[PDB]
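Asks: Given next are the chains, with one letter for each unit.
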Amino acid sequence: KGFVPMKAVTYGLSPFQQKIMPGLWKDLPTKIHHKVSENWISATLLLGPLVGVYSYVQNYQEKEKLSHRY
Amino acid sequence: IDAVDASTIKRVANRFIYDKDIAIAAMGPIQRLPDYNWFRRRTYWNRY
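Top to bottom, those sequences are chains G and B. Positions 21 to 90 (the deposited numbering) are the ones given, in order, by the first sequence. Positions 483 to 530 (the deposited numbering) are the ones given, in order, by the second sequence.
Treat the hints as calculated values from the structure; they're not laboratory data. Accuracy of the hints is not assured; some may be wrong.
The calculated SDA-like cross-link candidates involving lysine to any residue, where the alpha carbons are at most 25 angstroms apart (straight line), are [stated by the list, open to error]:
id, chain 1, residue 1, chain 2, residue 2
1, B, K492, B, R514
2, G, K27, B, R514
3, B, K502, B, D487
4, G, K46, G, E58
5, G, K39, B, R523
6, G, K55, G, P42
7, G, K21, B, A505
8, G, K39, B, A505
9, G, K21, B, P511
10, G, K27, B, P516
11, G, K27, B, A507
12, G, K51, G, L66
Using the sequences and the hints given, assemble the complete structure.
Replies: As structure tokens, this is what we get:
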């Protein structure tokens, strides 16, 4: 149910020997470039068909509004 | 030796044992031995 026989060596430090907070604002320019050069075909597939449909509706409704005016 | 009574035991225990860091070394079939945060937490009693 939960047993896999194994062989490894692990080392570990204490919580009160390390710096807890400063590893968040570490290299935020490098962190941002990694996320957007790897997830730019998943947002071109999420926002793409929505920006292109909203452009069609606003153009359709601006040509039947100027055709009813006398 | 006989100048170590019950009050001397508690004062040296509070200096060396109570809420202090530990060191562990283990070997063998030790997948069911608890981890470091389990051991470090039990150096004090949140009940008294």
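Asks: For each hint, tell me whether it holds in the structure or not.
Replies: Results of checking the hints against the structure:
Taking the CA atoms of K492/B and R514/B, the gap is near 32 angstroms; set against the 25 angstroms cutoff, the hint is violated. Proposed proximity of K27/G and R514/B is supported: the alpha carbons are some 14 angstroms apart, at most 25 angstroms. Restraint check for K502/B and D487/B: the C-alpha separation of about 23 angstroms stays at or below 25 angstroms, so the hint holds. About 20 angstroms separates the Cα atoms of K46/G and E58/G, which keeps this hinted pair within 25 angstroms; it holds.
Of the supplied pair hints, the one linking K39/G and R523/B holds, its CA atoms being roughly 20 angstroms apart against a limit of 25 angstroms. At most 25 angstroms may separate the alpha-carbon atoms for a hinted pair to count; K55/G and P42/G meet this at roughly 21 angstroms. Between the alpha carbons of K21/G and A505/B the distance comes to roughly 32 angstroms, so the proposed pair goes past 25 angstroms and is violated. At roughly 20 angstroms between alpha-carbon atoms, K39/G and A505/B fall within 25 angstroms of each other, so this suggested pair holds.
For the hint pairing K21/G with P511/B, the CA-to-CA distance comes to about 17 angstroms; that is within 25 angstroms, so the pair holds. Simply put, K27/G and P516/B have alpha-carbon atoms about 17 angstroms apart, close enough for the 25 angstroms limit, and the pair holds. Between the alpha carbons of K27/G and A507/B the distance comes to roughly 16 angstroms, so the proposed pair stays at or under 25 angstroms and holds. At roughly 22 angstroms between alpha-carbon atoms, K51/G and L66/G fall within 25 angstroms of each other, so this suggested pair holds.
Hints 1, 7 from the list above are not met by this structure, while the remaining hints are.
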